[PDB]
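Let's start with one chain on its own, the form solved without the ligand, as structure tokens.
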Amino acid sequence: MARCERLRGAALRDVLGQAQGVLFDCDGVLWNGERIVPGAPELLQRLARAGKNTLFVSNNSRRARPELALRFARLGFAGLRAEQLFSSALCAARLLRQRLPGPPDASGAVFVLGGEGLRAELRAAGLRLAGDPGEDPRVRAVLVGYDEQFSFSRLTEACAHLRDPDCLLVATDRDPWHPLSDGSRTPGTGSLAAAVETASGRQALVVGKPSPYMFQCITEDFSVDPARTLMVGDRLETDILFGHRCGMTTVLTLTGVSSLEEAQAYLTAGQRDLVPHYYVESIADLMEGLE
């Protein structure tokens, strides 16, 4: 039962050694905007060098896997394989492919509330999209992602497709909002999904953290022992909660959304699924336990 203790000294050395792998969130963890967290690339290098598997699990639905790979390299993280990158965009594409395979050749299209990156990810998996060139099939799912073009007319159109009870409703994630470098915030997919759910009378299947589906997506490709895996994230309600549901050890890093006082709040209220096992000021602190 997590005590939100500061990981350092010998415990830090033991916990990492036992680890088969570390799961990292990206935003708030490896970088903030275009500023990387100092030490992070070096940390990743030393991890790989010590044979510890690294995967990246993000709720960000804006970037398709190729463009995510380029961001990593451009920001100084070399030697990443694309196979290591799991976004809500990617796993939503895969979930939708599997729920729509059906025997019927009469595949439909997905109506997407989101950007080019999310669309690209779905096309990469082989899905057809409403609004692409040519005839438009029957819309068979609405996908809600991070959608800067969100509009009343697009909400209305989403709801029309949803009047067909066989049309599925999927959301990339429910993050409510995200911090921007200038100090402001942008609404998250979770706010857009709440609108879509309310106007259509439906509940979405949610793909991203803290939904376990994300772990399912990851385990289709890699063998993961949750008991020997660290989940490292900056956000208690998505990263930590996810980690607990999957049985992983959880590390809150303090370079992002949540504060230690938010964690200690939850601890005192006994909501243990939101209490990290450990915390660090930044992921850089983890290196003292390595060589």
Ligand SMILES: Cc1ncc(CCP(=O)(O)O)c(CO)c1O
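Positions refer to the first chain, counted from 1. Residues that one form lacks are left out of the comparison. What we label the rigid core is the largest C-alpha set whose atoms superpose within 1.5 Å from one form to the other. First, how it differs from the form solved in complex with the ligand.
- Residue showing a CA shift of 2 Å or more between these two forms (rigid core superposed; candidates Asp166, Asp182, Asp105, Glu135): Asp105.
- Listed alone, 102-106 marks the only place where three or more consecutive residues have CA shifts of 2 Å or more between these two forms on superposition of the core.
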Contents of the next structure:
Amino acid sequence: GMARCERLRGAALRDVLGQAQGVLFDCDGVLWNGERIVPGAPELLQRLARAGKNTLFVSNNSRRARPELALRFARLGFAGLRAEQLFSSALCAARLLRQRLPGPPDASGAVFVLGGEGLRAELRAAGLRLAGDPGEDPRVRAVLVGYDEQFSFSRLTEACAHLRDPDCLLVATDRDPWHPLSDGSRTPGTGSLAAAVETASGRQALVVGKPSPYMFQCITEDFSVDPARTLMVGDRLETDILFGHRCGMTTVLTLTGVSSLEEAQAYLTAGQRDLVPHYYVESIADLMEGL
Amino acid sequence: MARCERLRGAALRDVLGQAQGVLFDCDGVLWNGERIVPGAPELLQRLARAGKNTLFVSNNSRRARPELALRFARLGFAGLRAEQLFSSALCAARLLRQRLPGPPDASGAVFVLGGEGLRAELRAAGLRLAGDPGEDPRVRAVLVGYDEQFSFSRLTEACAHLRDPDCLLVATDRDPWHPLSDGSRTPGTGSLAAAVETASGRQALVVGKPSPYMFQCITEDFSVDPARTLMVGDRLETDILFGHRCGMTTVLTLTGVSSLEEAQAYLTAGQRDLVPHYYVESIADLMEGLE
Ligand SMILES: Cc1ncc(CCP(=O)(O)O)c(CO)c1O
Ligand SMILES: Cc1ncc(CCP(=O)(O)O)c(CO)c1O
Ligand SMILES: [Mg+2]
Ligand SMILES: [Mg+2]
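Let me have the form solved in complex with the ligand next, following on from the form solved without the ligand.
Expanding to the full complex; the earlier chain stays at the top.
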């Protein structure tokens, strides 16, 4: 139906869960904040497994390749998770680049990456060649913009040089504009860097991460997922909840992250339906009452 | 309503005689890099002798007024007054002074993403800068200019200051990019502003063309009748649009960024504000209507 941002408790919670085949969790702001996990999250995931409900995970974080992200889950207390369940914007970025750059031998090119080691590793694991890697540098056939702490005017210029070639793709991991840190400060997100590259190159970027449907496409290619029977749980309205709506799932805003209840209710009175969560909880831990 | 008809023969003589003076854009009109446009110096002289005032507008925020005056001289343009020169750096300094003169004796500093020339221009106006020697006052404004030292690090700082809602966000201009002599591009302030805006969740007050504030700077210094003034530039989305918004007559010259076909494309698309009244291959052609 049309989201009304109802608190998910009691019967509603029992219906919604029992109905669902599985849940898609965003990670940051939902399962953890920095190194401090959200109390109960580990327990919830376990009890979801006993109930026979599948779990998948999405993240616009392009800092950790899938292996290290799997280790992170492990180290933090989340047991029995497989790396195949993890879908980051980095992973999905690599997967798109492999889809768009497959070609006969002589068709291979390099990817110019504005981003960290984790992102590079993710691209290599998919079989992609990177510019700036040791050896002969093939013709750059793609520019990828991710979270780049080494972002510079020099490298922005370089990205644009590559993008002068209209046959060079422009991909971005996501459009998240900024992220909160532990000390209460913010860090610019790929969205702000993509904005710079797009503006400077006069180009539109193919975005893979939430709220782009492509991230969900990666997931449906790996697992049977019925959006009607899936819950999308996230902490950000403009990425997680909008994502859920575009994919046809039921959306649950959790309040342990970026967005607030009042922000959601503003979108509701404002009539921006696609930015309003069907339901909300204070923590994903609250979802355990329904098990 | 502009028809982008070539200005030649009789028309050229009429239009010039009609005008009080001409507003010249600099890059792409008077010069390209170190190579002046043949005839340009000669044109200015013949314009002054004919009793027509000449002013100059530029979205270039690299050079403070003194150095820009030297550039003109050194390149062959003699007898120019510094008051005739209006850059985005200049008007940015003038705006920040106008918006921060509030009655409280408690003044603050401006955090500048840009080169010495830009900082120099603000110091000339009496503004204090972050990163200057001494106590650093409360940052009361962030200014985005052409910043070759742009970094993720500095972007992050800018956003920290902008967390304070009473801190202004100003940008010199929104030019997305600029062509260089060798044929390469360099990102423009527009791309840098896009990053700051996106990451700060803020809109910037733009000072340069096609914002009318550039013209406001000019009218406070000189009596200018837009109806009798010629706006000559090489860029459609800044110079020509600026011209229309100010109510002047527009002349595209082809020695720079824009092409005749780009203008004619806007014409068919029905975007009148981006179509030049007249056009010439060079500003040199304007001498045919003089003596
Ligand atoms: C560098 C970087 N990139 C993306 C994100 C968003 C993570 P999520 O909430 O899981 O979508 C974060 C979250 O803090 C981040 O630090
Ligand atoms: C850093 C920078 N900023 C702005 C411009 C455009 C100047 P104009 O054509 O005089 O409006 C240029 C043109 O080269 C530039 O290099
Ligand atoms: Mg999140
Ligand atoms: Mg120009």
